[PDB]
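Engineer: Take a look at the letters that make up each chain.
Number of protein chains: 4
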Amino acid sequence: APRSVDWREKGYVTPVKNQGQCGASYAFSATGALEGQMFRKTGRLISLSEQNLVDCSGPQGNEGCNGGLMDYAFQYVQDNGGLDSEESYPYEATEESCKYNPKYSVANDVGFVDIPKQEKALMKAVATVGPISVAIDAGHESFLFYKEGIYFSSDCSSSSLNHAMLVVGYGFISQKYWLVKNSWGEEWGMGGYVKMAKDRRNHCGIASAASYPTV
Amino acid sequence: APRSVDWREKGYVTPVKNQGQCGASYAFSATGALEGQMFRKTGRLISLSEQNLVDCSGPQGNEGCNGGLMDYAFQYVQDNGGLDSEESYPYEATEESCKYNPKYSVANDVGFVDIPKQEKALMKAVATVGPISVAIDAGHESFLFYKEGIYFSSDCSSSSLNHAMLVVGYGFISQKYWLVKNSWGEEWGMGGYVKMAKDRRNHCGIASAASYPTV
Amino acid sequence: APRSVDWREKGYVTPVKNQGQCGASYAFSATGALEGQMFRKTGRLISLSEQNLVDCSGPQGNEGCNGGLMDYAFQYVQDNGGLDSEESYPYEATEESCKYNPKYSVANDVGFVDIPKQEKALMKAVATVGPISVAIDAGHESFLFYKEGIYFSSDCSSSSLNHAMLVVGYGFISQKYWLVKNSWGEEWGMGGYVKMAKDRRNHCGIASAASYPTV
Amino acid sequence: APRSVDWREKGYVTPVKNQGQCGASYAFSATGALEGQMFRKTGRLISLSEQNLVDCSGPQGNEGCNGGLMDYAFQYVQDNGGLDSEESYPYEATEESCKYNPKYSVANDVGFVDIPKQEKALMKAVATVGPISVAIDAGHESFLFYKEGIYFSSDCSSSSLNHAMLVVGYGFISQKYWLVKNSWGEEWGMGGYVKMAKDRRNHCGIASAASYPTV
Numbered sequence: 001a002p003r004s005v006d007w008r009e010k011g012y013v014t015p016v017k018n019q020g021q022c023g024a025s026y027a028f029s030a031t032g033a034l035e036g037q038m039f040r041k042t043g044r045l046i047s048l049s050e051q052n053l054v055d056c057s058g059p060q061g062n063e064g065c066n067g068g069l070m071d072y073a074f075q076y077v078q079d080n081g082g083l084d085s086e087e088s089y090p091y092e093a094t095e096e097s098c099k100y101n102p103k104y105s106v107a108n109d110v111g112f113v114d115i116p117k118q119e120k121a122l123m124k125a126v127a128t129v130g131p132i133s134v135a136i137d138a139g140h141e142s143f144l145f146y147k148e149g150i151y152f153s154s155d156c157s158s159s160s161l162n163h164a165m166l167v168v169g170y171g172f173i174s180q181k182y183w184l185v186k187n188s189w190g191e192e193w194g195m196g197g198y199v200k201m202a203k204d205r206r207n208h209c210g211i212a213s214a215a216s217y218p219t220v
Numbered sequence: 001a002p003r004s005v006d007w008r009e010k011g012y013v014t015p016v017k018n019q020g021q022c023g024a025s026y027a028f029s030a031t032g033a034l035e036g037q038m039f040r041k042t043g044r045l046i047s048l049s050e051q052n053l054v055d056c057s058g059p060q061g062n063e064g065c066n067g068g069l070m071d072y073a074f075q076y077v078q079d080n081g082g083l084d085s086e087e088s089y090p091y092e093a094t095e096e097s098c099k100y101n102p103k104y105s106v107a108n109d110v111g112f113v114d115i116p117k118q119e120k121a122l123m124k125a126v127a128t129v130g131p132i133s134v135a136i137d138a139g140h141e142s143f144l145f146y147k148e149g150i151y152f153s154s155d156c157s158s159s160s161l162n163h164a165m166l167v168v169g170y171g172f173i174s180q181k182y183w184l185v186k187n188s189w190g191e192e193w194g195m196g197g198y199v200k201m202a203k204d205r206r207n208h209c210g211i212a213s214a215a216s217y218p219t220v
Numbered sequence: 001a002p003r004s005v006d007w008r009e010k011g012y013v014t015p016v017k018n019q020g021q022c023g024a025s026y027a028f029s030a031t032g033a034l035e036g037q038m039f040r041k042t043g044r045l046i047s048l049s050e051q052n053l054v055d056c057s058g059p060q061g062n063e064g065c066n067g068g069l070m071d072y073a074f075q076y077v078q079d080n081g082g083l084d085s086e087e088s089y090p091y092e093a094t095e096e097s098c099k100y101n102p103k104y105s106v107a108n109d110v111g112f113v114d115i116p117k118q119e120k121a122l123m124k125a126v127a128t129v130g131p132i133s134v135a136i137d138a139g140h141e142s143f144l145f146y147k148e149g150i151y152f153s154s155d156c157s158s159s160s161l162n163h164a165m166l167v168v169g170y171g172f173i174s180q181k182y183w184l185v186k187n188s189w190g191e192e193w194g195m196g197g198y199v200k201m202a203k204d205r206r207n208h209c210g211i212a213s214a215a216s217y218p219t220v
Numbered sequence: 001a002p003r004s005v006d007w008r009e010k011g012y013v014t015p016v017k018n019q020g021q022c023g024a025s026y027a028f029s030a031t032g033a034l035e036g037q038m039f040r041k042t043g044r045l046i047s048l049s050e051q052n053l054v055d056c057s058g059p060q061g062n063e064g065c066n067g068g069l070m071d072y073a074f075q076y077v078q079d080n081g082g083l084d085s086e087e088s089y090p091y092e093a094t095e096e097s098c099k100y101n102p103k104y105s106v107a108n109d110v111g112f113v114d115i116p117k118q119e120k121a122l123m124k125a126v127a128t129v130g131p132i133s134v135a136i137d138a139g140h141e142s143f144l145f146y147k148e149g150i151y152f153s154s155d156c157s158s159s160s161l162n163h164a165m166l167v168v169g170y171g172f173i174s180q181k182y183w184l185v186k187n188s189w190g191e192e193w194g195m196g197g198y199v200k201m202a203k204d205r206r207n208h209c210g211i212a213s214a215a216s217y218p219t220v
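The listed protein sequences correspond, in order, to chains D, C, B and A.
In terms of the entry's author numbering, the first sequence is residues 1 to 174, 180 to 220.
In terms of the entry's author numbering, the second sequence is residues 1 to 174, 180 to 220.
In terms of the entry's author numbering, the third sequence is residues 1 to 174, 180 to 220.
In terms of the entry's author numbering, the fourth sequence is residues 1 to 174, 180 to 220.
Please note that a few of the clues may not be correct.
Note that identical chains are pooled: a pair holds if it fits in a single copy or bridges any two copies.
In the SDA-like style, the derived pairs of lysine to any residue whose C-alpha atoms are separated by at most 20 Å in a straight line are [claimed, not checked]: (1) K124 to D114; (2) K10 to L45; (3) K124 to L45; (4) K124 to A138; (5) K147 to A125; (6) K124 to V113; (7) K10 to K103; (8) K10 to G43; (9) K147 to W193; (10) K124 to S160; (11) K103 to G23; (12) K41 to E191; (13) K41 to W189; (14) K147 to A127; (15) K41 to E92; (16) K120 to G196; (17) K147 to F172; (18) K120 to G58; (19) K41 to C22; (20) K124 to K181; (21) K10 to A125; (22) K99 to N80; (23) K181 to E141.
No lab work stands behind these hints: they were computed from the structure.
Given these sequences and hints, build the entire structure.
Structural biologist: In structure tokens:
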């Protein structure tokens, strides 16, 4: 297996987005994972609509700007038979009424897979599938002010997860890390990304809510 | 497949326990699931120690009386090679130092299975495996005062789960429900149990965090 | 959700006390709430020491007979690891040096919850938790001479609070009221209690500073 | 985390205002906090109307020029669906009839968060959110005549608060302080600001009534 993986280098990952003041990280994690799997299938990277998920995936269990689950987003896309492009259904950072239009659908899914709750299994998934949706404890100031290097907080919870993200790879330093895409804009962290401690007892719960869509 | 299932009738379920003021429902859900699977293997129902999990499963990610995940409890039992009986390691409803004694272990596990996030899948699991660990949104006054009949709240979340429980069966009235064991003592609800609305859009998130141990 | 609640009927509430000419209602409100939550936990109602709080909770922010906050009292008990019984540390209605003795501690707390500033939220807490610490505008002659019925003053402030009390329930007339324990002796009001107007625009600020301890 | 924070440097803070002889510091504190969070969302700093709050937030519990709570002000903006600009609804320093015009609304809020009563929690909120509404004991001559340096008064109360303000940052001297915006004009204190002793047992109650709006 590769010692280093970075799906950004292969065209699987859209630029970093910004959820603003709307608590819809689940939507950004879901579009990120779908973007990767759609690229794997078609060879075209097309940015997908988080607003479509915020406005429309309530029946599947999501709650607009008050949270949700990536798997519920994947289920919505399955149930709905599609998901609009970011371009066609841009992000407003507030819960609005569903305005899905099937003419502008550019993605689908048939199901989704939940990865077992081990960093060994997450690593396999990242190496062999593409970018993987995850949730972590992002509540600590140390995370909020993360700038560079490998993030480790002694106070990070693995049980109380509170923020969805997208693992786009992993590597090691000249000591291992996950390469993780956030949704707080390109200015936060390392161009919008964070290297999180890997194989240090499931630090911040990185491996505990991991999944991906099948397309 | 059976239209009605109640694992209490087969000897799989210990009497209702009471977690008191300690937020360790994850531990009660986990012992309940292990109690069922140990019975399935050995033909002996033995009550298991929640305190053992509260005190000892921090390395696996649990947080004493401040929450945890059933799967982390199952992982602890696997890593540890056992779990003490309730009788040997009684419940104190506060986080204490680990006092595990291997002499008094009466349970083990080899791993655990996470069930896909569908009520169809949960029903199959309940019918074919035994009692199943779940988490729900229990944070509504209506749930706290539930007495009888099939519980349904219009305000129940499927995304924000906050209370671990144990599904011990399902059925229908003369209209379907899950039969769910709580850990708030035998006085609450129907002898400590609640019938929760089944096949009504994954009500309260009943199917969203379901799993069981393999023994 | 019950239409009438009275925690006195369930053993949660000690007899009415009398703060005398010492301005320590915060201490009586705090011991009242802790008495309730300790009973919920242990099934034993034991009167707690206001003098302990008046003499010892200065570091947490209280000011003896010149005022304080219930939350500061809860914080003191948490920091201190205990609170003496009323019997061991009797009330003297004047500030003196701290004489806490851990041998005579009969209570503890792990933290405290501040309730949102709405009568809806307060009602839920009274129904589901136990007696709740509150502060009101009690600075009107009509309140001093309250004898019976539902108290309502057209000049009552919802913002400027000046007297701490304990909500021990709520009800309605054959019209709604909060049942509130004062600390002015059993001769004042209805055996030391007042029925205060409920769901009349947060009358006298009863929902504006409500909290309870976790034990 | 940053050792020094000053939100004035980032555009979150309007110039110092002057409440004059109207007891509406709650309104100035609330507009300050909303000004910051609206900037955080939109990138535009627009001065908001205190007079709008003085005249119109009575139903939520405020008392015009005789006091109120910032949370009641936030609740009004939520209930009302907006708040007028300072330019459109200028400050008169007396209680008048509500003249809200929705055409001139420039702000909204979805809710508000009450911060735990600890300086640790306040610091985190200032670092990670923006300017925070607070109330302090300002009723001492030493405060009225504060000119420069770190304010510490031996007789300050942490319990009896009597003046709302806005924490816009914190720092340390070559010894820690909160940077606090007042509403007594730019000639008072340090250009209308005071450095208040930080991490000295919640001096003057600065962490006791802290909150901010979500927009």
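Engineer: Hint by hint, say whether it matches the structure.
Structural biologist: Consistency of the hints with the structure:
Taking the closest pair of Cα atoms, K124 and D114 come within 20 Å of each other both inside a single copy (13 Å) and across two copies (18 Å). For the identical chains of this complex, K10 and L45 are intra-copy neighbours only, at 10 Å inside a copy versus 36 Å across copies, given an alpha-carbon limit of 20 Å. Taking CA atoms no more than 20 Å apart as the test, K124 paired with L45 passes in neither setting, with 23 Å inside one copy and 38 Å between copies. Taking identical chains as interchangeable, the C-alpha atoms of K124 and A138 lie at most 20 Å apart only when they sit on different chains, with a minimum of 14 Å there against 24 Å within one chain.
In this homomeric assembly, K147 and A125 come within 20 Å of each other (Cα to Cα) only across copies, at 19 Å, whereas the closest approach inside a single copy is 27 Å. In this assembly of identical chains, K124 and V113 lie within 20 Å of each other by CA distance both inside one copy and across copies; the values are 13 Å within and 18 Å between. Taking the shortest Cα distances, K10 and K103 never come within 20 Å of each other, neither inside one copy (28 Å) nor across copies (43 Å). Taking the shortest Cα distances, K10 and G43 sit within 20 Å of each other inside one copy (10 Å), while across copies they are farther apart (34 Å).
Taking the shortest alpha-carbon separations for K147 and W193, only the intra-copy value of 7 Å comes in at or below 20 Å, while the best inter-copy value is 38 Å. Taking the shortest alpha-carbon separations for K124 and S160, only the inter-copy value of 19 Å comes in at or below 20 Å, while the best intra-copy value is 24 Å. Taking CA atoms no more than 20 Å apart as the test, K103 paired with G23 passes in neither setting, with 28 Å inside one copy and 28 Å between copies. Within a single copy, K41 and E191 get their C-alpha atoms only as close as 27 Å, which misses the 20 Å cut-off; across copies the closest is 16 Å, which meets it.
Within a single copy, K41 and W189 get their C-alpha atoms only as close as 28 Å, which misses the 20 Å cut-off; across copies the closest is 12 Å, which meets it. Taking the shortest Cα distances, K147 and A127 sit within 20 Å of each other only across copies (15 Å), while inside one copy they are farther apart (25 Å). Taking the shortest Cα distances, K41 and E92 sit within 20 Å of each other only across copies (11 Å), while inside one copy they are farther apart (29 Å). When the C-alpha separation of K120 and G196 is checked against a cutoff of 20 Å, the pair qualifies neither within a copy, at 27 Å, nor between copies, at 29 Å.
For a Cα distance limit of 20 Å, the shortest separation of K147 from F172 inside one copy, 17 Å, qualifies, whereas the shortest one across copies, 23 Å, does not. In this assembly of identical chains, the alpha carbons of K120 and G58 lie at most 20 Å apart only when taken from different copies (19 Å versus 33 Å within one copy). Within a single copy, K41 and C22 get their C-alpha atoms only as close as 31 Å, which misses the 20 Å cut-off; across copies the closest is 10 Å, which meets it. Proximity of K124 and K181 under a CA criterion of 20 Å is satisfied intra-copy only: 15 Å inside one chain copy versus 29 Å between copies.
Only within a single protomer do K10 and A125 lie at most 20 Å apart by alpha-carbon distance; the minimum there is 16 Å, versus 39 Å between protomers. Taking the closest pair of Cα atoms, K99 and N80 come within 20 Å of each other only inside a single copy of the chain (12 Å); across copies the shortest separation is 26 Å, beyond that limit. In this homomeric assembly, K181 and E141 come within 20 Å of each other (Cα to Cα) only across copies, at 19 Å, whereas the closest approach inside a single copy is 22 Å.
Of the numbered hints given earlier, the model fails hints 3, 7, 11, 16; all others are met.
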